[PDB]
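Presented below, as structure tokens, is a lone chain in the form deposited in one PDB entry.
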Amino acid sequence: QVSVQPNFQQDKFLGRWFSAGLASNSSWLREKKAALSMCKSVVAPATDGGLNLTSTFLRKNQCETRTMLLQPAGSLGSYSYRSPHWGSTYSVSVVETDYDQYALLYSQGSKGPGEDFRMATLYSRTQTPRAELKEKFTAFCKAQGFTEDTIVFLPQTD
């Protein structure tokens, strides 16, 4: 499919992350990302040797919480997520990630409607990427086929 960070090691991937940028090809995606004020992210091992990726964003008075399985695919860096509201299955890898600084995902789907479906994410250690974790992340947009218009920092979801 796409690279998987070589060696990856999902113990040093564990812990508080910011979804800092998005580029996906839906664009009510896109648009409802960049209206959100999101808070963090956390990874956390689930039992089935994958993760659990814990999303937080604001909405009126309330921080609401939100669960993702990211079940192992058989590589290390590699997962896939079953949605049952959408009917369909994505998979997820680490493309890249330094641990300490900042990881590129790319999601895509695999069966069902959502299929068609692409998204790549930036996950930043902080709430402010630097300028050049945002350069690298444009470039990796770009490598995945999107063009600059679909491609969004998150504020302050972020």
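We call the rigid core the largest set of C-alpha positions that still match within 1.5 Å between the two forms. Positions refer to the first chain, counted from 1. First, how it differs from the form deposited in another entry.
- Of the residues checked (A46, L36, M68, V42), the rigid-core alignment between these two forms shows a Cα shift of at least 2 Å for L36 alone.
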The other form holds:
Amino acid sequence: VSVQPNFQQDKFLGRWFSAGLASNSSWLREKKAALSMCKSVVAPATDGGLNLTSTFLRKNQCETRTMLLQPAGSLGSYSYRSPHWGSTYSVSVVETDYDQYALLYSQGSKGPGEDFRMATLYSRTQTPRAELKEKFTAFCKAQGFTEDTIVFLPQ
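Having seen the form deposited in one PDB entry, please provide the structure of the form deposited in another entry.
There are no partners or other molecules in what follows, just the one chain.
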């Protein structure tokens, strides 16, 4: 449940790349071969939290999705409501140096997705260095993910 100490939301803004993940979703343990690195743009929201705008390629086009991360009452901690999945999730920035990487941890808080748990690696570049990949693997292990649940996302 750790949140980056002295979190500076303004320094967390801008362009990130979703470079790895690990989850307890059976769906991932199966459908990981199909997942690709996505760009995610982080900007402040009207409520003092964050809008996360992610893009991915389908056929000839780059689709855009936005997720509102509402502040959850300590800096670096957020909540996300998924109407499609009838669930709310806690999202925490556990660790970040702002300029190279962030380690995020998301967990179900309300609704049928309550059980859900996911670690995410954000990278400022599309090529995370080996030391960062090692950091993420170690982070995921600390969170209870086995090796075959950890996925590094190809560019």
